[PDB]
Structures are given as C-alpha cells and as structure tokens.
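Visitor: Assemble the complex: chain G is given as a structure, and chains Z and U must be docked to it using the hints.
Okay, here's what each chain looks like letter by letter:
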Amino acid sequence: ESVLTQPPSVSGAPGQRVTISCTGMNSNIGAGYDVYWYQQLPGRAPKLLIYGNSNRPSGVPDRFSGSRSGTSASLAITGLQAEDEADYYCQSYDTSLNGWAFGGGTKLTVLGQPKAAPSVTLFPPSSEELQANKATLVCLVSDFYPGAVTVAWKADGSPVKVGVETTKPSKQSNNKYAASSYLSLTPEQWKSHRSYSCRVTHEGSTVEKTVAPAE
Amino acid sequence: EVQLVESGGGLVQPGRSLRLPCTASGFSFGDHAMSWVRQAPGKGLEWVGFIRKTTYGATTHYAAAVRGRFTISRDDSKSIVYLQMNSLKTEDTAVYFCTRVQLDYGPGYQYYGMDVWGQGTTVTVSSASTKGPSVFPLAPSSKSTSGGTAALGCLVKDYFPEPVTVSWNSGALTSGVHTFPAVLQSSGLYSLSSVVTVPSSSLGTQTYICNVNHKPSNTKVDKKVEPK
Amino acid sequence: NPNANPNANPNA
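So the sequences go chain by chain: G, Z and U. The numbering used here numbers the first residue of the first sequence as 5 and each following residue consecutively. The numbering used here numbers the first residue of the second sequence as 30 and each following residue consecutively. The numbering used here numbers the first residue of the third sequence as 223 and each following residue consecutively.
Okay, chain G solo, but in the shape it has when bound:
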C-alpha cells in the first residue's frame, strides 16, 4: 500500500523522449504538495533533478522537465543519452502518513544495442556439496539485452518459491546483462523429484533448462 507509485521501468532509444509518471493521491499531489524528482545514477547517491514540480537546478539541462495535474506528476526526458540511465524517484509530502513519501523508483534504460537473447545454464548440485549434506541448483543467465527477465523454478513441473533466491540483472563486461538464481534443497529433497527446471523469460521468449537427479 503506497501513496505514490511509479512504473518499475521505462525505456527509450537514443535521442528520443520518455515520460515517467508519479501517480499520487488526494492526500499528497492532489492536496497541492509540491513534487520533487531525484536522479540516482548506478552506484551513486541521488541528486536533486526537479524541485517545486517544475524548476530545474541551475546545472540541470532543459532536456529534463516536470509537470503536475490533479493527483499525478510527470518527468519528461528528451534527447535521451546513455548517461541518462539511472533510477528516477518522485517525492511528495502526504497528509495521511504525515511524512515525505517516495515513489518506488523507475529504472530508465536507453536502448543502445539490439535485443539479445539469454544463454542459460542450469547446474545440478556438485558431488562435493552433496558430501557436505547440501544440494544447491544454480541457474545462470548471461548475454541478454535489455535487462528485463523472469526466472522461474519448477520441481516435477510444480512451481517452486521456497528455497529460491535470485539476483537482479547485473551489467556484464561486454555491456549485456546477466542474472543468477538458486534453489537450495536438502539432499533428500533433491533426490525426491525426477526433474527440476529453470525457465528464463526475456522479451516474450522463454529458455528452459532441466536437470534430473538420476542423470
């Protein structure tokens, strides 16, 4: 239950324009409280980008603009550049929570290379780990672009969430993206099923790999 919401992600091609919505309520933007926007470059602290709905700090270029209307606000970015890739956050005071709320952030991707499908490898537990009385399945995904991806696990075809941990996509040294996911089981659990699969979905295409304990 949030009082300010934002799309999780937006993308645009170099030179084009994107908008990022900040959807608020009668208790915040709708009550007239001003909206502030921050830009957070990867691995950096946030920077104030727009203040008071529409004002730019002296050093922020006019490719960035802010507007409001009713219960929502919008950040527009034109002439998109690779350097604009960042997470963007809106902020407004909310009367019902009595504090400064933030939207959930929007990750901006500037589409600088063609779509690339992921490579997927699913590793069963190593014999060494089984000797230590544990059994981790490791699903590694690499070389995809852009970064949106879904990783799902099944055991004998049944969806699995208990024991699963997954990383958010990380940039590779060749500018594509990679991701990792783990299913941690006991050896008895591992041996109790006949097959396990990890399904990786990227841009409407799915890659599925399977392992069997009886291999």
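Check before you lean on any hint, since a few could be wrong.
To be verified - Simulated pairs of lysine-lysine, DSBU-like, Cα-Cα distance not exceeding 35 Å:
1. Z/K172 / G/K172
2. Z/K257 / G/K180
3. G/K138 / Z/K72
4. Z/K172 / G/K158
5. G/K195 / G/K165
6. G/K138 / Z/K160
7. Z/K107 / G/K175
8. G/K119 / Z/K244
9. Z/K257 / G/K213
10. Z/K172 / Z/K160
11. G/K158 / G/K175
12. Z/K172 / G/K180
13. Z/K253 / G/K213
14. Z/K253 / G/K165
15. G/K138 / G/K172
Honestly, the hints are just simulated from the structure, not real lab data.
Guide: Only chains Z and U this time, still in chain G's reference frame:
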C-alpha cells in the same frame, strides 16, 4: 564545495544501537534543516526524518517506520548532524544518506527538497557470525555446452559478511568471466557464483581454477573446476 | 498554501 560526509556505519546485531554522524562543510550549516534518507539493498529510497534549524528550536519529525527508535540531533558548533538508531532490526539494513534541505524561495514559501546528498554509509543489521565460504565447482558438460562453448563456474556458498572477490587462473582469465552479486539467504548467510564461458575444445586441456578471497574470515580458496 | 505546513516543510 558543499560536502556532507556520513560516518559510523557497519555491522550491528539486532537490538543494539548505532549513531551516525554527518559532518557538513562548505555552506552555512546552521541555516538549513537536515534530513536522513535510507535505501535497503536493491530497493527504493525511504525518508527517515528531519531536524529544523536551531532558530526554530531544532525540533524533529520522523517517519512512522522509525518513530520511537531513531532520533536526530545537531551540533552547530561542530557542523554535525547525528542519526541515533536504537533497537536496530534486520529491516533497518540500508545505506543511510545525510542530506541538506534546500532554502530556495518559492511563491510565498520556501521549497524543501533535498539539494545535497552525502555518499551514504552502509548499516547491516544481522545476528550472523563471521563465516568463510564453501567453494564448490560448477562443472561443465554437454548440458552446459551450446555451439562450441561451455559454461563452468564456482559456487561461493554460505559466507558472512560481504564481500567476497573471485578471479580465475590467478587473474589471467578475464574474457567471458562474470561474477554475480550476492544473494542473502534466509539463514542470514550470503552466496554468489562466478561463471566463465570457454571453448568446449579447451576442456580437458586447459586448467580452470577459481580463486576466492573472503577477507573478513581471512579465507583464501583455490578450486579446480573439472569437466563432468 | 499547503506547502507552508510545518509537518511538510521544515523551513516554515
């Protein structure tokens, strides 16, 4: 140059306290309200609290999530604002940013966005104890081979705290290597993997060794990864 | 103006 430098972060057990100083320089500290914001790993910004200037009494206002446990004070004689965090919980794990509230005037009121942010200090709340990783090979096979390449790797399992570093063949092998960020498991321990894509024709002629370093436990492990 | 609310605006 305007600067805000947070300090005092680190590892802390649940229920304990930590005080984070933020040292300000390069502006008229006493004229500004100051504000703390935090960001849990991989998550969004969350406001923590503010403190007004001393001519307004240096009164304070906090987010509901921390009210009763966190407080803010300021020492204008030293240009420091403090975040006092008591009864810490695992969900308080985050980077904590100290920020300056702007003074720019708008139409009949002053704006109040956060116009300067420090780089942040990391606070990790956990009851886990230092633990070196267990390194397991992720062996290549036909099930990891597609189109003349094969994936192989190392699973760096169950260590605490972060970070580990991984190299391959003592740093001589860099092409096709990716070391992933860590996951935090329900056990309170971290795990990560490192993978290399190599020519399938190199398996069984080229030796592949992952070198794992975990400074907090003084652990260095080399693990040879052999074909299935 | 709502932005003069001291709960919202520490400068007010």
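Visitor: To test your reading of the hints: which numbers does this structure violate?
Guide: Structure breaks hints 7 and 8.
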